[PDB]
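Presented below, as structure tokens, is a lone chain in the form deposited in one PDB entry.
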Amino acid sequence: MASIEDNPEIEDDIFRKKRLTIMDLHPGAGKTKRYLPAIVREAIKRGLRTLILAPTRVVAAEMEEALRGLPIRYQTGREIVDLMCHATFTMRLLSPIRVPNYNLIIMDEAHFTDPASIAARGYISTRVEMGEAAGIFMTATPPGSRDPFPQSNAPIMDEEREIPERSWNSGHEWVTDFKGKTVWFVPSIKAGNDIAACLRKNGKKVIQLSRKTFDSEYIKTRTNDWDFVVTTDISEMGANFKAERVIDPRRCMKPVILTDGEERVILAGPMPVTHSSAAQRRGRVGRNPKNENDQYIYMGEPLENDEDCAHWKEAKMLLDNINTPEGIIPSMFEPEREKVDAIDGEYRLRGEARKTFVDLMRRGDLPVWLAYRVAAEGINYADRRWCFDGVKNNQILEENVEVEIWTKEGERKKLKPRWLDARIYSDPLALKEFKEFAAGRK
């Protein structure tokens, strides 16, 4: 009645060590849908200890289903295939205890430029090139590409227009007057609330995917019936919503390490996104079946020197600390080597400081740069003194009101961290978490 052609045809040598397969599976295809289960089951058949890396908590679910029925361990008791987020795996790589000797590693959405993704990618490529494993990077925008308008499935109407930046009292029609299938990418959360409010005071109720709430409001994109989507950079990694068109002003904020007086991390004002990033934003459409009326409205042009972004040095701080049987430090994935020009091992710490470094990132929720400086200074995880003893220039304020901290010990102190990383206080939700850290309740 039927041929086993029910499940895809997985070429061979994609499991052959010393090889790195780049699956440029354009969006909407059978990427996680069918391609993965096929490859996974085939490995489980080939008796291969496997590792599956998901970019986000949400994408981890998209894979739990496509893999629902297969022997896999998530986040009996003797499975041979693991599945966790990028960050979780990289954290474990910093542990003094070696990870399993995976014969095959598959990374989903392998373009995410977060420090951890960059580190894991370096680790994986080093493993395949050593001959200890075979790797597979799954992404339509692989590191190195710069194509803002690449092939797609559904016809895309590419045309530039004047996308507003904030609240408007009049003008622009295609905005407040449309079908209701469009995604709007914005630079900051501060600005995302205005363009959002405006769409509310007009004639539409949309959803705001916050910087760190993608694992709550996303699910609602499936059908909570809305006209527009207001996200930030985060959507670019495993986000699927309802839309026939997308508004893309090609803007974003990005962490930068300054070096004037004290070294500090700033979030540089709204700047151009990367080409691959631009694609990713447009790729949210033109990936559907029969549809033909899917247009892309973009303002501004993209740039390619994302080199001053803190993530490259931060990914390096993680790699110099990766524990490897030989002791030879993992290099970065071939196409990303040229982003940082630092000596291999300039950031390697000693056993006890490395653990603190890890803890400050896992239990403290602090960015890589900040946790490294704190650990590098010999400070202990529990010792929060550094949160109040910085110079006068590091006092944090809301409107002009100096923020104070009620420690769980009873005192009321002014928030003045010794090292300043703006990622810890720009977004109110982040400031909240950090306050909890400074108070000693974490």
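Take the two forms, superpose them, and find the largest set of C-alpha atoms that agree within 1.5 Å; that set is the rigid core. Residue numbers count along the first chain shown, from 1. What changes on going to the form deposited in another entry:
- Superposed on the core, the two forms barely differ at residue 385: its CA moves less than 2 Å between these two forms.
- Relative to the superposed rigid core, the position of the CA of residue 213 differs between these two forms by less than 2 Å.
- With the core held fixed between these two forms, residue 95 has its Cα displaced by at least 2 Å.
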Contents of the next structure:
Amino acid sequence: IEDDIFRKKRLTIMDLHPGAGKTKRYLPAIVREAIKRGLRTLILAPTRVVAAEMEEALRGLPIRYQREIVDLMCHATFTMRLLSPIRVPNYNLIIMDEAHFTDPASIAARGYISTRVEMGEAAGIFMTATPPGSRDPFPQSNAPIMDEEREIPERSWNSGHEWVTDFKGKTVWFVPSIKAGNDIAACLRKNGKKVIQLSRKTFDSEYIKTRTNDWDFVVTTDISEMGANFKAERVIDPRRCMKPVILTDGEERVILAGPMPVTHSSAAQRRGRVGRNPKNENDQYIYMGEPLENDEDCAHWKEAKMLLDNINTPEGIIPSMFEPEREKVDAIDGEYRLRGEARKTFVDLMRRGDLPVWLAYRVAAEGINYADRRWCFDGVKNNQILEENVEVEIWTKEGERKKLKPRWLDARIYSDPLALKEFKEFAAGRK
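Requested next: the structure of the form deposited in another entry (the form deposited in one PDB entry having been shown above).
What comes next is one chain alone, with no partners or other molecules.
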């Protein structure tokens, strides 16, 4: 912490290995210095959980979470209210915790902050264990970690994989999907194991659970790679994941690329769950397969450009992407900017609709109104959704019973139980 890190026109990439206490120690130090300077400061957390925690963790210092000089909120919220018609404070300093989150809003925020410091309006700080360009799945830890490759059951073993159920203590198992999660979680319970499952839609409500001591396994997905900790001694990481891809053939649509190798940084973040307390020396990272920097075509990059394009700084300038991420998207900085009314629908479709950026963008760009759900049923024959080979049908609030075949198809809308239940409520016009 210098006196340069706060100087406007500065963007500091605070690279600290997992456990360096970027949150518990560095943050308060920085926020403390911020206040002493009168700087209007914004603190961005990855999730609301990590936000709420940071709050009690920043006792005494004058902060307003989401009269006081420093605000604190989460990536999603920030970029979402950047999309809104109301201006955001002209913050002098902006601290983005875990600035490696590749979800659309995180990438957009990063680009917005990037722009603010370039325009010289502010000084920003990105804290992350895996800065842009990290290519080491085995970063240093605070304690020894036994890295051992092994054959990790992907579905649910029927009779033999003893190392996994005999383990002494707590395990955190990173699974590629909720489908995979459920099968494995189910299996573990069969073997008398209390299991906690986490996912993007479940995190902020089921995560607190891991703070009790009665759980043997935590079956989770990507989000746990974003500011999430567990009193675990062993991480199981098959190093697999799903990737939304915008297929251009047939008709543009979003597909969920079959289970594929995770990124190098992801492997690190996952492994980062252990080797935390220099006390324990028996932490272990069981893994399978190898990383791969194969993600140039992940929908998120374009989805973030969609968000950024509809963001406006106090002046009529549109935010650029963060430099190390500009290559990801090939558009022009104005490409996806919508006009007044359509843009508000774009936001409603995201905030109230709970629809993916892409899907929300398509519907809005088509001049459709938020409450018009006709598009949920007038898509081509190919866009029919089948739950169990059986054609899903909706009972609209209009008493009608229509089949579910959206004009625009996005796998994230039906690829998992919670997703489909929600989207059905949407086509039903009950949202």
